[PDB]
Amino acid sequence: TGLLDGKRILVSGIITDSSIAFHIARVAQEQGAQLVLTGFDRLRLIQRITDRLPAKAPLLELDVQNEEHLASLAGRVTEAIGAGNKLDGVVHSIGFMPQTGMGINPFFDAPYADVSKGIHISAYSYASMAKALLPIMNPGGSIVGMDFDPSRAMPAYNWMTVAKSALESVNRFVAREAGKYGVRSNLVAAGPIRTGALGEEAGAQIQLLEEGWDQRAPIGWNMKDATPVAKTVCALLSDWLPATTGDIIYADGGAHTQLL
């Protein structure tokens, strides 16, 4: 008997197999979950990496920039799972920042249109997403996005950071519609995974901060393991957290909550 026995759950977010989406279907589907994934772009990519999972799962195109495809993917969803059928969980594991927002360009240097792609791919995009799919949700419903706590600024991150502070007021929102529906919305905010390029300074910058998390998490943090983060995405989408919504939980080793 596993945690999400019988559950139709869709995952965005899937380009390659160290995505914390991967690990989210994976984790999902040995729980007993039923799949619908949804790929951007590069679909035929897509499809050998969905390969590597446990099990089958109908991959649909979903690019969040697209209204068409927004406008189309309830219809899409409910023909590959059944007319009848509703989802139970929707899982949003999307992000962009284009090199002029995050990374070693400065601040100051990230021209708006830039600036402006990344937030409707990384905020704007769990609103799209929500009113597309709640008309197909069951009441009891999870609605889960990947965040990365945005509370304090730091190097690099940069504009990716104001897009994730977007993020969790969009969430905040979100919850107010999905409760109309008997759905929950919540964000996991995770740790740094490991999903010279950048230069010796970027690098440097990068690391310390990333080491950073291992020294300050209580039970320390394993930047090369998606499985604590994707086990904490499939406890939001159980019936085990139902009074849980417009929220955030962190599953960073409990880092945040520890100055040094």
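Each form is matched to the other, and the largest set of C-alpha atoms that superpose within 1.5 Å is called the rigid core. Positions refer to the first chain, counted from 1. First, how it differs from the form deposited in another entry.
- The residue that stands out in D225, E210, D63, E30 is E210, the single one whose Cα moves by 2 angstroms or more between these two forms on a rigid core fit.
- Superposition of the core reveals a Cα shift of less than 2 Å for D51 between these two forms.
- With the core superposed, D41 shows a C-alpha displacement below 2 Å between these two forms.
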Contents of the next structure:
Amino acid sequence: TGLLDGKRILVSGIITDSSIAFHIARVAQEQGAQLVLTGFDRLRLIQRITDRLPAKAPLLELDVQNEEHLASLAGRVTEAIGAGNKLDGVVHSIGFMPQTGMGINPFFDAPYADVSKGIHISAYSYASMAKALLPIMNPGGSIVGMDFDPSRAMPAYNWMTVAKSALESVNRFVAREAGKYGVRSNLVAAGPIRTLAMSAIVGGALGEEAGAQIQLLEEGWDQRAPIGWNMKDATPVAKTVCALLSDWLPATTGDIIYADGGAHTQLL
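Got the form deposited in one PDB entry; any chance of the form deposited in another entry too?
Single chain only below; no partners, no other molecules.
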């Protein structure tokens, strides 16, 4: 039996088939969920990527900086899943930070206009998605967002670290609001996964130094993780997200589940 049988779940943040969102969606479908997908900017490309999922699913446009998309989202979703039906799950797998706020680019030289855009998309949007979608969410439902442990500073993650620290704070306030609908809000702090963003945005910002990033990642995660960590395998992260969409973590909200091989609990 599907862990998510007859749950209607919204999954944002697919762009390639390496995306964490893609694998969340794949696993969710294997576990009996009906999906609704959202995508940003490259809709024909995303469409061709989502056809590779095990089952057909509607795809809607959502740019989280666009007030009109947010205002119309609930309605467009209602249309896709049929009137008098609702979502049981929502997955926020979205992030962005301009090259100026990342990599070897000095921390101090990122102008606030750039930092602000990143916080808008990576942090604020968790609240605006919640605002838009809670009115069409069943009791017992689950909102989930993706996090990267920002509790200690680190090389290269720079201003995205600050956005994630903001996200953790937003998640806790969303939990309060979501509570009134009988809905949980949580984050998954994933270990590093080889995705588009990782390689092109993050590694891109190191240009010449890009080997250095792999040193940090090997050091901070697989070496520290008591059960190891594999950057080429999003499945453990995807399953962790599905666990939170399920009924099997019913007492957990405003919280962060670490899907990092346990790396964050070990110093060396």
